[PDB]
Amino acid sequence: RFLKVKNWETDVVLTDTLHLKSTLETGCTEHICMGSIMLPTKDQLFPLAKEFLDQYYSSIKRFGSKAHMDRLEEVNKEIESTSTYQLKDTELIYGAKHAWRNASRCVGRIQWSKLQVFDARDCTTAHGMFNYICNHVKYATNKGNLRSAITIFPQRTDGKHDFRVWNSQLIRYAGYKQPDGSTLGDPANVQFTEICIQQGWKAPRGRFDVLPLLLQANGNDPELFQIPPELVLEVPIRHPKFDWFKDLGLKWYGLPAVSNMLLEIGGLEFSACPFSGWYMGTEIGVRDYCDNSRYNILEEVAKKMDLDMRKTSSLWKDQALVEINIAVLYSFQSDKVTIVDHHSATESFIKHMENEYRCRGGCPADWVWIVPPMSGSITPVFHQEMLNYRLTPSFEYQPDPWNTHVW
Amino acid sequence: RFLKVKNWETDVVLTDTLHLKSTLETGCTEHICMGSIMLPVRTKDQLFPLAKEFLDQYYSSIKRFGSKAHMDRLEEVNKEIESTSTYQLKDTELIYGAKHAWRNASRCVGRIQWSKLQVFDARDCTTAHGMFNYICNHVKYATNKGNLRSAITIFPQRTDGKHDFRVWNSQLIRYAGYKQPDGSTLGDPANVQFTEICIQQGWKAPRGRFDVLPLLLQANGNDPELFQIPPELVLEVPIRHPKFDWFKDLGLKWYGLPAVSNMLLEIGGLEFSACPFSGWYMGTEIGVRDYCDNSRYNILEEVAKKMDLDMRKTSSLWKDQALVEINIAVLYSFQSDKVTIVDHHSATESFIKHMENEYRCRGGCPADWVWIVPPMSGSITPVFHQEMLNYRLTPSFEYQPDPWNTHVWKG
Ligand code: HEM
Ligand code: HEM
Ligand SMILES: Cc1cc(N)nc(C[C@H]2CNC[C@H]2OCCNCC(F)(F)[C@H]2CCCCN2)c1
Ligand SMILES: Cc1cc(N)nc(C[C@H]2CNC[C@H]2OCCNCC(F)(F)[C@H]2CCCCN2)c1
Ligand SMILES: C[C@H](O)[C@H](O)[C@H]1CNc2nc(N)[nH]c(=O)c2N1
Ligand SMILES: C[C@H](O)[C@H](O)[C@H]1CNc2nc(N)[nH]c(=O)c2N1
Ligand SMILES: [Zn+2]
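Protein chains in written order, with PDB author numbering: chain A, 299 to 338, 350 to 716; chain B, 299 to 338, 348 to 718.
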């Protein structure tokens with residue numbers, strides 16, 4: 299019931315009680331651990358509302374006050390009559406910050422309380438959504454000095470009037486299947502790109518075409534919009550020592566901005582809630598560039614470095630990997646676009662865990678996602694035991710809309 | 299029930315039925331995942356079911372389930388339990404059991420090899436001197452002048468828990484660590500406590516950076532005794548780098564034989580508390596963990612100094628750069644001296660083939676992702692992208708408390 303986590307590098311032992319407040323289920327049982335699996350009414354709504362308002366009023370040191378009781382009464386009345394309820398602005402901001410705070414897969418949570426929340430609940434159309442999104446993008450980008458932001462569109466009603474951003478991230482590159490058999494651009498985006506073409510987009514058919522937004526308002530058919538190119542900050546990738554690196558013609562975008570998740574606050578569901586921060590270098594240099602099923606560039610780079618690609622044991626992959634990641638960080642730093650390296654981010658996350666343990670009694674964390682995809686054990690998170698559990702408010706996965714939407 | 303795992307790189311989906319045969323508990327619940335937690348005297352009543360389950364597995368494996376030989380063996384074991392409160396494994400069953408504990412070891416990436424394991428039966432051993440002799444022979448056999456062979460040596464099983472056989476070393480071959488009055492450590496900081504115990508027991512410590520520790524051996528619940536493995540039996544590799552000629556001048560070496568000696572082997576409810584086993588290294592175990600962990604030899608700074616990397620900010624990735632070079636040096640050095648070693652690319656690629664084969668032939672392969680994914684370059688190995696299911700099958704290798712914490716000293 300009281301649980302210990304140990305750091306094996308420093309011998310620091312922390313005690314977790316926060317897990318006892320966990321509500322949702324992990325996927326694991328006493329017989330089987332699913333830690334490495336990627337995706338493991351009026352009646353229902355009032356307990357959820359109560360649980361949330363209780364933590365909210367506790368958070369502002371007003372638990373059991375008349376203002377607390379009054380709101381609980383007000384929301385109860387609203388559900389009983391309308392079958393749903395509306396969050397106060399203060400509750401919305403609190404819930405959004407807390408969904409990030411509770412995101413057990415996020416290494417960047419030291420920043421959780423510094424989050425700009427844009428209330429787009431008054432939005433009614435896809436053009437409205439586009440306006441809101443451009444404003445988010447411009448605000449967050451801030452000419453390279455990135456600021457965390459979330460934009461919150463109207464909540465689920467009867468589930469037939471959902472707001473959705475069809476894109477997986479606000480900014481991503483198109484992927485195209487070639488007569489050749491291979492793939493031009495980002496292979497992850499092939500299907501979404503086809504949907505864009507199918508709905509009318511004119512693809513420029515290049516390696517790095519910023520996708521258009523496909524926005525769905527009020528459960529209507531989604532529409533296409535090109536983000537003003539001048540709001541999409543991109544970084545050409547060069548190496549501080551290798552002059553040939555630029556010849557690879559690599560670039561990435563500055564703003565990471567997840568648009569396909571569902572924000573759950575007090576039982577209310579916000580199916581369109583794009584949010585953004587700033588990159589950790591490895592996300593681009595390790596995953597986007599080096600995953601076999603992504604831009605998969607390790608072979609080309611290794612060749613340009615004239616490494617012995619005969620045997621895996623020359624560690625040519627590992628050598629090229631480091632250089633690619635040096636280039637990513639260098640290019641972002643040189644163009645003054647906020648980025649964090651994996652040493653710095655993991656060091657911050659350990660300090661954040663320690664703060665959360667002393668001030669909240671714990672910190673849910675998914676070791677499988679928190680440990681960076683390169684150089685695991687030379688980062689402090691590798692040696693840190695973590696307990697993974699699901700607290701609410703939360704960000705959740707949801708089915709891709711095209712599998713669900715009726716035209 | 300069926301459970302599916304997906305590889306996110308290849309889209310290969312596998313289906314696990316084997317998890318239905320799992321009995322032991324994980325540490326996890328529906329409400330909490332303990333997947334990153336390092337560590338999450349039996350009655351007759353509890354013993355016969357464990358024996359029965361094991362012997363049913365064994366007899367099925369040899370295609371003799373329900374045969375007369377099967378039934379007679381159950382009757383014979385049952386009778387032995389009721390009469391003596393325990394039982395003895397046949398040689399065939401011990402071999403099968405030891406191979407299966409390895410097959411079932413979900414934290415082991417090296418399991419493609421599980422069916423080639425030399426089993427040394429040391430259940431006739433009675434004294435610490437006897438244990439020393441067994442262990443010397445295992446080391447010599449396993450080492451095989453650099454052409455490493457997997458082996459396990461199995462000492463007598465637990466009886467009342469008061470007569471345990473224990474190897475006190477965590478690994479058969481390890482370097483001493485000494486804490487200096489100024490707070491610095493000479494040698495391996497992981498082995499300081501154990502080194503102090505050895506010194507107290509009368510070991511004459513040379514006090515260098517790579518002193519092979521003496522064996523500390525407990526037979527029959529008696530006080531343990533010290534023995535020096537003959538140096539000619541301890542194969543070592545000096546570490547050098549193929550391009551960096553200054554690398555040799557760091558003065559690094561490592562031993563060739565990784566041999567875990569502190570785990571408990573459970574077969575059919577019997578407990579083998581001394582069962583040292585050995586294989587061969589994956590390069591990262593030395594180049595990443597032993598050399599570069601902050602709490603181990605911690606060589607990253609000195610290596611990056613000598614490479615003249617920009618060390619003023621972490622974002623130059625100097626640590627990542629030095630890490631790859633050290634690991635190249637380890638593979639180069641072992642290969643040049645013809646001592647078996649496997650790189651983390653080859654090892655993980657082989658593990659995925661093993662895992663797929665295990666799914667086809669056995670209905671599953673329990674695997675602990677946290678441990679299987681190498682401690683450098685994780686996502687450029689295929690295991691990073693492989694979903695895995697972790698559960699506990701018997702026979703098994705288990706952790707056990709360190710014997711200095713529990714031993715009743717006789718004097
Ligand atoms: C400020 C800088 C931030 C950094 C450096 C950062 C870091 C990261 C990283 C490295 C990941 C793993 C992503 C992957 O491997 O695909 C991640 C995941 C995640 N982060 Fe952050 N984050 C930041 C801001 C945010 C913000 C502002 C939010 C929400 C308000 C957020 C919520 C999440 C969630 C829900 C995940 C899991 C995504 C998924 O499961 O696919 N993070 N974070
Ligand atoms: C033949 C070559 C082998 C290779 C390359 C190999 C590889 C590894 C590696 C890299 C680890 C993780 C070690 C760590 O990070 O501490 C490991 C763990 C383990 N292996 Fe192997 N292994 C081999 C043979 C064996 C053998 C012969 C056995 C027993 C018969 C075995 C059983 C285990 C067990 C029980 C663990 C978990 C140890 C723990 O929890 O501390 N392996 N293996
Ligand atoms: C807000 C924020 C800041 C930051 N630095 N980084 C992020 C993660 C973003 C960027 N870089 C990766 C992307 O994360 C996107 C979410 N990943 C999930 C997935 F893509 F793996 C899918 C694949 C198919 C089905 C299962 N899950 C967010
Ligand atoms: C048989 C075999 C072959 C191989 N390549 N590699 C091995 C693991 C050995 C070697 N290289 C590391 C060591 O593994 C020993 C087990 N390590 C775990 C530990 F020591 F950190 C403690 C911490 C506390 C909790 C319990 N375990 C075995
Ligand atoms: C199967 C496994 O869970 C999968 O490859 C995970 C591993 N760790 C990860 N970690 C992060 N941060 N992001 C990811 O997409 C993944 N993928
Ligand atoms: C806390 C965490 O589980 C611990 O550091 C683990 C992580 N993965 C590991 N993986 C291997 N192979 N060996 C280890 O010692 C560890 N340590
Ligand atoms: Zn689990």
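Fair warning: there could be bad hints in the mix.
As the list claims (entries may be wrong) - Straight-line Cα separation of at most 27 Å, DSS-like style, residue types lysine-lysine; simulated pairs:
1) A:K620 - B:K397
2) A:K613 - B:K613
3) B:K550 - A:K613
4) A:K359 - A:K469
5) B:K645 - B:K447
Hints listed in this document are in silico derivations from the structure and should not be mistaken for laboratory results.
Going through the hints against the structure:
1. Proposed proximity of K620 (chain A) and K397 (chain B) is contradicted: the alpha carbons are some 44 Å apart, above 27 Å.
2. Proximity of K613 (chain A) to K613 (chain B) is assessed by CA-CA distance (about 25 Å); at most 27 Å being required, the pair is judged to hold.
3. In summary, the hint linking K550 (chain B) to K613 (chain A) is supported, as the alpha carbons are separated by about 19 Å, within the 27 Å threshold.
4. With a C-alpha separation of about 26 Å, the suggested pair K359 (chain A) and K469 (chain A) falls inside the 27 Å cut-off, and the hint holds.
5. Straight-line distance between C-alpha atoms of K645 (chain B) and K447 (chain B) comes to about 16 Å, which keeps the hinted pair within the 27 Å bound.
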